[PDB]
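Here we start with a single chain on its own, the form deposited without the named molecule, put down as structure tokens.
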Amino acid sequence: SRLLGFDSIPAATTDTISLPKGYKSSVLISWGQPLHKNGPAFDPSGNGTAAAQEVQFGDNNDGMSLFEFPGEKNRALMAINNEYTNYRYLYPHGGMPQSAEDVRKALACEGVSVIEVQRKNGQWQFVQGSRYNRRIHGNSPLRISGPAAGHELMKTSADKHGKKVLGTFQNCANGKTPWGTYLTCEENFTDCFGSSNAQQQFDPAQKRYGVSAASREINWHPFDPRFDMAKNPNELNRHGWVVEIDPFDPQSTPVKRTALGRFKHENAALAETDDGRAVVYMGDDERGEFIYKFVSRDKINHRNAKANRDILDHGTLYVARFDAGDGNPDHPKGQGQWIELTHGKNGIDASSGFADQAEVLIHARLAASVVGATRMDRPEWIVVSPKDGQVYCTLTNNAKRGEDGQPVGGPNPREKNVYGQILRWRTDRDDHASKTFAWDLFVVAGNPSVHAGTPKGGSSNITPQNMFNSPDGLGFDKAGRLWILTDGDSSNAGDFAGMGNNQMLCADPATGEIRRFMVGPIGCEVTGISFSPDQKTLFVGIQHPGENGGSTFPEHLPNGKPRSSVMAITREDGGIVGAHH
């Protein structure tokens, strides 16, 4: 490979970061770090307050982007998602929230952390006390824009006009726009809602989005009625959006961009049509849900960033259908298409339950079913090659593939899929405006040690040396290396014998070759990726280390508390990460 400059490292099970020879890692920032001058220190006992957590780096850091600081080669901003929190570590009692203050403290953990980093003696470090440092959390005041802003379904007792919402939370992954803004994606937002009525009736749209009376072991609703569907059912509609943040304006109000649709958003992959309009590819991470694409009405104004204020409020949302492909077991290839989600088109109208375009967007999942989108094996991150524009999407796994309604075929080639696969497409004419594409499975993950010579052994670019499961995050670097991050089963047993802890790998898009680059600590997943502009630092997240009680990473104090961290990975010889020595 021209691209892969390091030797594939062994799988590992240690409570450490493992890297190739000549590489090193440092903690950039961890959950609980105060952001502001004289801010409250992290308290490992759990006794930190909600108010303190609102001014500290959030928990479970996830997707992130780095923004070059105009005029300053040795400064940058990073916007980093904080997806959820770990009650065993958050509270001294280690259990469910017990009060309104406990619920406020959990909401404080989630959202986005904007931080400044500065380079000193070659190394990037967090700058506490920067005027740019900011928490946006689950109680922050946000705006709603786009076609669904002000709709009846978006109004609540607290917000009678449907344009002002408290919080972004369950922030999974990210996008970075060419007009200098950050997109954060609300994914498992429904988990946070419940009802004081255990026998709560839910309507078909509520059921399709997966709300329950119990909540998903979040249990905010007993103390914060905003999350109690018996009282505030339309609050469910005011989350599940892509939210746009200006990291360079620390007093700006972030905006929920309803034109991009409501669903369990993983990330938001930016591209541009040949005629200059913005394109955002988006996955909905749930078994049997869909892949989407938004194309703006307006051209991006590259020279005048602020002129793009409303660009994500106008345009067209599409959803994918994939054909059956050619059935090749190692490397299936086919065609697919984008289908418009527009009131009055493709059978989307009052007769199929949509009064207007706002409802199409609020209930995008339902609209996409009407038009016959292809049910997918848990779409997670999407990236677009900077070299050739080809688009890659992880399909992390789907244990229910093969069940009635989720047939095996095309880009979902295995029943009871525990390993996942990476889907690629090439938009027609290499124009992201096109409504058709060619697709192929770039890799089918598997375990060829345990399941040699069967579909569970994976595709031929998987070997016993490099094998992994449940690819999730993705990132390209400027050279065109594809970085693959995992959130899989870390048992190192059974179907996963030999795979070890979660990990990051690097792939050559042209050749299909994959090499293991990093292994993370016990109980984590590896998520979030950004590069310095010079490509000599790779920033990567280690999320929920010790989720089941087996880690003290990164500090390794005796009987210590593990902390989600952003790591900085560099070469000892100062060269470009991933490249030859």
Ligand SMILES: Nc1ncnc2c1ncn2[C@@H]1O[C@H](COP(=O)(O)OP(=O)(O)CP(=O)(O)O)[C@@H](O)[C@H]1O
Second form
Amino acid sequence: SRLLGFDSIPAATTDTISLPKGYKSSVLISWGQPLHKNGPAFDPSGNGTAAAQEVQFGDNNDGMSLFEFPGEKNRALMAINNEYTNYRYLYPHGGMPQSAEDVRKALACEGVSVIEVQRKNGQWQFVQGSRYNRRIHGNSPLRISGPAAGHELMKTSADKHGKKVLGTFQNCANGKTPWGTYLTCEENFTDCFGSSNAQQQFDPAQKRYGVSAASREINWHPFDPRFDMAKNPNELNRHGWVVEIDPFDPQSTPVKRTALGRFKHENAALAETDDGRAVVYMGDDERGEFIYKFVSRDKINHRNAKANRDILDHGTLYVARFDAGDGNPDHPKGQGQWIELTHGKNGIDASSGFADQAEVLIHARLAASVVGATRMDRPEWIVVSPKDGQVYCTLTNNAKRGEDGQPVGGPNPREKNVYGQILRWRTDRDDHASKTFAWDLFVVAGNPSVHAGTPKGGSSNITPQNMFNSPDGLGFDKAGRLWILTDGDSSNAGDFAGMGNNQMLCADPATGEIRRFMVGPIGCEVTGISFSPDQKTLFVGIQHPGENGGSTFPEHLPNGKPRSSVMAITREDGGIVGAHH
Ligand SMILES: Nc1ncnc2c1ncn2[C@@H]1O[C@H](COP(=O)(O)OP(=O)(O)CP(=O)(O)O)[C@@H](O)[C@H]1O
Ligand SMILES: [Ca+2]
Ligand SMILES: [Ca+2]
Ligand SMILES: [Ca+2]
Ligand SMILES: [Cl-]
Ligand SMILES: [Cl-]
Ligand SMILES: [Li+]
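Form deposited without the named molecule done, so how does the form solved in complex with the named molecule look?
Okay, now the whole complex, with that chain kicking things off.
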């Protein structure tokens, strides 16, 4: 291959970072790092306060973007998501929150960490004390904008006007706009809500989004009533959005962009129509949910960044339908289309339960079911090639594929899918404004050591050497290499025998060739990817090392506490990461 400059590494089970010959890794920043001058040191005992956590790097770092600093090649800003927390390590008691301060501490872990990084002797390092350093967390004051701002469904007793919301949490992955802003995506936000009424009767929209009275083992609602559906049911509507942040303005108020719809947002991939309007491809990460596309009303003003202030408030939301494909067992190919989610179109009207467009966006999942969107195997990250504009989407797995309502077909070709696949599409005429596209399965993950000669063995670009499961994250570099990050079963046993710990692989989109590049430590997932502008440093996140108690990464102190970290990968020779030596 022209693009793959390293040899595929073996799978690993060690509590370390494994890389190819000639590569090195360094910890850029870890959960708990104070961001400001004289800030509170990380306390490995768990006794750190919620107020200190609000000024420290958040937990479980996930999607991230790097922004070049105008006029200074040795500076950059990074906006890094903090998705959730690990109660076994957050609290001294190691269990569920026991107080309002414990709840505040968990909310402080989540959100976004904006940091400055500087280079000295080729090595990028965190700059504690930079004026750009900032935490945006679960209790931060945010604004709501777009078509659902101010709607009755967005009003609560604490916010009677439906335009001011506390926090962004469950921040999964990201987007980077061409107007210098950062998009952060609220994914499993519903897990945080419960009810003080164990017999609460949830309405169809609440049930579709998966809320329950017990919460999904988060248990904030007994201490903070904002999360108690018996008292503040509309608070559920004020989360599950894409949030826009300006990393260069530390006093700016982040904005929830309701025009992009409400669902369990994984990431937000940017592209542009041939007539210059912004496009945002978005996955809803839940078994049997959909893939969405937002197209702005107005043209992007590339040379006047602030003229795009509210470009994401006006536009059109679509959802995908994919056909059955050609039935190819290895490389199925087909067509699909984008179906508009607008009140008064495609059967979305009062006869199907939608009074206005705000309700269509707040309950986008329901409107998408009305129009006949294709139920997918858990869409996670979406990326757009900078070389040819083709779009790539992980479909991480779907243990329920084949049950009633989720038939096997087209881009979801296997029942009880434990491995996942990567879906690709090419917008017609290579114009992102097109309502139709051609699709193919770029890779169908599998285990040819266990299941050779069967669908569970994967596609022919999968071998026992490079095999992996549950692709989640994706990233392109400027050369056109496609980086694949995994969040799968790390047991290295049964269906996952020989896959080892979670990992990162590199692929050539034009040939389908995939090589394993990095293996992460015990209990982690590999998530978050960004490159330095010169492409000589690849930044990648190690999330929840030791989720089940088997790691001390990265400090490796005796009976130590593992910490999610952002790693800086470089070549010892100083060349471009992934390229030939
Ligand atoms: N109690 C429960 N009921 C229903 N769905 C659940 C569940 N616990 C987890 N899930 C969902 O099942 C899927 C698999 O769970 P898991 O925690 O393994 O996923 P994950 O690590 O992929 C989450 P993420 O998408 O943030 O990376 C996810 O989509 C998760 O949201
Ligand atoms: Ca993910
Ligand atoms: Ca995942
Ligand atoms: Ca995960
Ligand atoms: Cl179709
Ligand atoms: Cl573990
Ligand atoms: Li253009």
